[PDB]
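Next up: just one chain, as structure tokens, the form deposited in one PDB entry.
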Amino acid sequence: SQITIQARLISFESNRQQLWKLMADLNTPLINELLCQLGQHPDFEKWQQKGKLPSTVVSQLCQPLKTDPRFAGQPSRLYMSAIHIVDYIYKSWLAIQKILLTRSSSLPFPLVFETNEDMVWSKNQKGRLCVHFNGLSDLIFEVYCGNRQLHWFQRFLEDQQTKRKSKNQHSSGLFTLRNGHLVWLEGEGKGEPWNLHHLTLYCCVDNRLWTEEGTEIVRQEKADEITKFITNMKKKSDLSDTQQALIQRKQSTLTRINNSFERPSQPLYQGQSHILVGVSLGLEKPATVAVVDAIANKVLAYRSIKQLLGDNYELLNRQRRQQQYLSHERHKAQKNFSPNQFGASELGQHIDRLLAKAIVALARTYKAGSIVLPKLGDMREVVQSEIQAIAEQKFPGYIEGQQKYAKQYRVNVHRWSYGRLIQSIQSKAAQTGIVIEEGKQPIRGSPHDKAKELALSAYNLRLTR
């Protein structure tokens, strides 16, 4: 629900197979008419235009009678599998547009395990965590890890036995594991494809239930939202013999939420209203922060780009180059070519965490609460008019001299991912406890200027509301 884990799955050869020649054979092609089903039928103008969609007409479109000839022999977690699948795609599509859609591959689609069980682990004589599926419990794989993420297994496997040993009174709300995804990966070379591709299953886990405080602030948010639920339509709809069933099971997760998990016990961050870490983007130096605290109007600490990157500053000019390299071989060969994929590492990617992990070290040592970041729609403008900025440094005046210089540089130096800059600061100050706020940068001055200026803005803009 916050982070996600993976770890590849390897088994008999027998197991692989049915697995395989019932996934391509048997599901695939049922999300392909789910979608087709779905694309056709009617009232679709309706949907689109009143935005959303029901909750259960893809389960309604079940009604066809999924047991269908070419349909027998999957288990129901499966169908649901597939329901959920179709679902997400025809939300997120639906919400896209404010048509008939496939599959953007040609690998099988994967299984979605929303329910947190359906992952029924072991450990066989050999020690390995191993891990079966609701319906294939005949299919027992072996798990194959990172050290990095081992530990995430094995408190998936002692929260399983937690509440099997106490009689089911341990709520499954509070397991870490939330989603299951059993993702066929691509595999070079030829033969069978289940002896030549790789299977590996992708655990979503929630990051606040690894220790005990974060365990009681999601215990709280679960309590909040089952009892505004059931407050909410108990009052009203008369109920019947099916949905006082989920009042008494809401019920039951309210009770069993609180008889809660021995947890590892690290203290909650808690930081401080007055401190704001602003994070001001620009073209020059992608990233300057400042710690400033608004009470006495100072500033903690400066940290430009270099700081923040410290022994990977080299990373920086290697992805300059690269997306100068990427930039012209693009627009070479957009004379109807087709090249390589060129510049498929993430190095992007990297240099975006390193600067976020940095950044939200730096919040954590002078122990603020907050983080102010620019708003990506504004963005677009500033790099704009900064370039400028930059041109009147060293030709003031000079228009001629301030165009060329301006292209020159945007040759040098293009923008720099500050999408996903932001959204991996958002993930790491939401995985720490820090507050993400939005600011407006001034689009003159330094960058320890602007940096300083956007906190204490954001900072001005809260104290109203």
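We call the rigid core whatever largest set of C-alpha positions still superposes within 1.5 Å between the two forms. Numbering follows the first chain given and starts at 1. Compared with the form deposited in another entry:
- The only C-alpha among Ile305, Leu362, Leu174, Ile89 that moves by 2 Å or more between these two forms, given a superposition on the rigid core, is that of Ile89.
- Annotation for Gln408: C-alpha shift under 2 angstroms between these two forms, rigid core superposed.
- A displacement of 2 angstroms or greater separates the C-alpha positions of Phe71 between these two forms, with the rigid core held in common.
- Fitting the two forms on the rigid core leaves the C-alpha of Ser260 displaced by at least 2 angstroms between these two forms.
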Contents of the next structure:
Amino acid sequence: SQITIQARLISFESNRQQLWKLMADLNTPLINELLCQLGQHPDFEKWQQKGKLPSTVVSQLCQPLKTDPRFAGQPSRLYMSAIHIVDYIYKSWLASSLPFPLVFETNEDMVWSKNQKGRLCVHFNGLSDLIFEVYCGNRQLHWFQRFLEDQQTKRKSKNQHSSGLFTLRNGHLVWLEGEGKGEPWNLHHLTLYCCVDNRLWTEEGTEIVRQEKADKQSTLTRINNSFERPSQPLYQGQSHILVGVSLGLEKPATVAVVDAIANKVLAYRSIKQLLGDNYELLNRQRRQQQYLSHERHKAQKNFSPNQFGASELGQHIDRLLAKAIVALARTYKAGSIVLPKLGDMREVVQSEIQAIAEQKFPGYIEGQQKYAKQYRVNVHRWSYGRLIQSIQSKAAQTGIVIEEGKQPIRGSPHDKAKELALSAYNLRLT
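Requested next: the structure of the form deposited in another entry (the form deposited in one PDB entry having been shown above).
No partners, no molecules, just the chain.
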């Protein structure tokens, strides 16, 4: 699946300042001016009647800005970066003191080469003089090494390699703000974000992609190419087994590995089981959540800038749950991980508070509402969207599917997980 890999690009002060002048003082002005000229263009409104502006506008407004004196000329790929950035920003709008990123559509825009010291280096097409190396960890090193090897593998074939099978597919070159003062090229740390596809790493995965990619002069000309390709068996997840993930307030995500054929349950993996040594994180996140809503509502107008919202502990917990759920779907050979819909979750939470209140104080409504009010204080709504996103990401990475479900309104959390998995299996026939 798609995944973005980071790397710190490193070169000398001369090359860095050259790039800085190109971007911050000769292309960031280009970006801003193209943005206003999009704003100050006579037929601005007529396109909003459709709600989308096609690629025509930037295509015709790209070239008049080549010889504008304040721009001092850019390499062609930097013009492509600018036009793609304005495309991205106006698409994000139609729904700081830091230069706009650089956008590279394909890998051929990046040339890789080993130096005498052995490290990988990357230049960009149309630049050819800046020798930005690549800095990264082992979790990313094999990625860049494989990009270099595929580059070396296309040239030996006299450039008869299809571009899709290449591992690296996109790339973002951005500056990142830091501390200190002085010049900003030696202050903002350049970083390369590489977008790849794991589906195109394992040899079996690579051979999977050829069939649909044909779906016309060179449609099948250079499909077959060996590369260097590790062969690892594709994870063949058998169906008939679903891992429902009941989402709730007190138990945010409890799973039950259901064998739906005989309605037998294979594994009631609770959250204390889905997290292990990471269970201590769960309550911790709530300790932060109850904190934030206390401070966020305190400064009602958001006037006071404080540190609330400090950590991404929710993100880490949520991806930990994703990893554990996919691992526990593998261990029982599950053919899906089942999640409910966030659209059908606003009522689920409130039904849960009401049911817990009734089971704690039966009939005594004036005490039921009291208990519910002090229960909303202590246990807050989970970041369910992050959970669903991270679980879908890990499921795509490993290969298991995510299908829609329908959480039951009442019952035990394990009972809700089991019945949610069964409901998803029932909907699977549809």
